[PDB]
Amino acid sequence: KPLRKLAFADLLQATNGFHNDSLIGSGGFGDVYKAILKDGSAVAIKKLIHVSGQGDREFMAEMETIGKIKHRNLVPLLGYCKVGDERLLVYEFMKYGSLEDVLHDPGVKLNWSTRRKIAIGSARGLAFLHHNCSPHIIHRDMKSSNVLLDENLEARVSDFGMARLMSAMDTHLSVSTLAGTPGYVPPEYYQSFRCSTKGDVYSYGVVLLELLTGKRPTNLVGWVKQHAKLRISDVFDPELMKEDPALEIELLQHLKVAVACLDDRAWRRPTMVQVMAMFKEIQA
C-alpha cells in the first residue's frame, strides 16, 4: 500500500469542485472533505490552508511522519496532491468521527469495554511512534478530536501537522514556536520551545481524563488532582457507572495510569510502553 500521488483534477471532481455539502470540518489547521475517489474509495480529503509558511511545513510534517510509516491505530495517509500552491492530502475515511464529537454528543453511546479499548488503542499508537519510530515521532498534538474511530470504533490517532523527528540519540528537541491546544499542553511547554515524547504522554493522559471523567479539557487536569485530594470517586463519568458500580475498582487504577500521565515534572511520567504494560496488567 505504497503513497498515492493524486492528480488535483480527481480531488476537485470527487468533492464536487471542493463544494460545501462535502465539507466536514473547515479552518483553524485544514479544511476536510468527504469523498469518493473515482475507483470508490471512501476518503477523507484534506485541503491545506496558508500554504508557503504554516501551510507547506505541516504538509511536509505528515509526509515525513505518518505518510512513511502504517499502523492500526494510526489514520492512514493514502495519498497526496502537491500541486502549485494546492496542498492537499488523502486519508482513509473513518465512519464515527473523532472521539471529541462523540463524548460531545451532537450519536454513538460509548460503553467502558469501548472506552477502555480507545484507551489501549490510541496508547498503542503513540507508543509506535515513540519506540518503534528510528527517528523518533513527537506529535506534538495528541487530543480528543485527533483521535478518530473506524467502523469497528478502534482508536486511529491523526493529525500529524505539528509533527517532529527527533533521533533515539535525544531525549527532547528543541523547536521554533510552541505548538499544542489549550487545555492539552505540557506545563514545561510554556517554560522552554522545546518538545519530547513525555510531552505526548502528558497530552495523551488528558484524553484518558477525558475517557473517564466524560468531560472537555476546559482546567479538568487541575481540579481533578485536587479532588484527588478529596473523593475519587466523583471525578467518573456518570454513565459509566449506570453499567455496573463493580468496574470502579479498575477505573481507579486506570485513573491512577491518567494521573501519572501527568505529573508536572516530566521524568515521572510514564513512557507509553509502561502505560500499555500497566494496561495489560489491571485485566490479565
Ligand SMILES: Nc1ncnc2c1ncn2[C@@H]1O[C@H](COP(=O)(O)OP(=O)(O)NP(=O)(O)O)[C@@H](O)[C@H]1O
Given for the second form:
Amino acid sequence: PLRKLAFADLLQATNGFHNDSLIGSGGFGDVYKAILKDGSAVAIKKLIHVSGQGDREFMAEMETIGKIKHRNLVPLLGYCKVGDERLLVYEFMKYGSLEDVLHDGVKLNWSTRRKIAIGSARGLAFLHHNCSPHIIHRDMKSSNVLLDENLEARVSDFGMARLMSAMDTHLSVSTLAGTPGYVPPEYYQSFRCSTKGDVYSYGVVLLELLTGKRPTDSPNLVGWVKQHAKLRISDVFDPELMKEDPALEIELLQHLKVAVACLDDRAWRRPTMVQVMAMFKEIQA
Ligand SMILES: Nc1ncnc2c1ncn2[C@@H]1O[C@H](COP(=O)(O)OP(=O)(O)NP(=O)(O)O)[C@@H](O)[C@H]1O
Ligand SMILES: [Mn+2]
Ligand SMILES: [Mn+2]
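Having seen the form solved without the ligand, could you give me the form solved in complex with the ligand?
Following is the full complex, with the preceding chain placed first.
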C-alpha cells in the first residue's frame, strides 16, 4: 500500500536534503538518494513550483502511477504533502536511468537491451490497455526508463501523465508537454495527446537502444535514420552491438522495423504497444 510519510523522516533520511544525497535536479524537481528509517532504499523527488506546475505534476503521479503497480513500472512507495512542499518516494533503481547507462557506466549486451525494450514496452502497454481509464505518459524518455538490480526496465516519471477514458481516441489538454527530440509531430499542430503519441516517444527510445546515440544527433536522429533507411541500414546500428554477433543483425533489423513503425508521422499508422509486444514475440520465435 501507499504510505503517508512524515516530512521529518524525508528530511533526516537525506541529511537535511544535503547535496551529497542529490542525484538529479532541474526541471520538475530534485531527486535524492536516501534510506528510510525502516531500511528501505528509496529515491525522493522534491517538487518545486508548488501550487501550479508543481502541484499538477504531483497530482498527475498520485492519480496514475500512485494507484497502480506493475513489474515494469517504477513503484511509488510513498508521498508527502505539507504546506507548499510536495515530495514523492520511489523504490531505488540501482542502475539509474537508461540514459545514464547508455551514456557515461555499465555494459549492455543485446540480450539485455531487448529485455529492456520488451519490459518498457510491456509497461506502456499496461498503461494503454490494461488500465481503465487509460493512462497517457506524455514524457517517455530514455531518462524516464529506470533500470533495477536485474537490469529490468521500469518506466518512470508520471509527472505529466493524464487520464483518458477508454471510449476516446485522444485527449485535448491545456498545454504542450514533452521533451525535444521525443515529441510526436502532431503534438505541435494541436493541443491533443494520445496513447499513439506515447508509441512514437517509445520508438525514439527503441532507437537509442539500437543506435546508441542521443535523439538530438545529428544534422535529428529520427530523420537521419529515415533517410539512411533508403541507403545502407548496416551503417546505422550500434557498433558495440555488432561485435557480439554479426548473424544477429536479422533480428536487429526486425526490431528496427518495429521502431520505424512507431515513428511514423501518422498516428493512425503507428502500432499499439500490444502490437509492439506481439511483434517482439514473433521475432524471437
Ligand atoms: N527511483 C529512482 N532510482 C534511481 N534513480 C532515479 C530514480 N528516480 C529518478 N532517478 C534519477 O533522477 C533523474 C530525474 O528523475 P525524474 O523523475 O525523471 O525527474 P524529472 O525532473 O521529473 N524528469 P524531467 O523533468 O523530464 O527532466 C532520472 O533521470 C534518474 O537518473
Ligand atoms: Mn525525467
Ligand atoms: Mn517530469
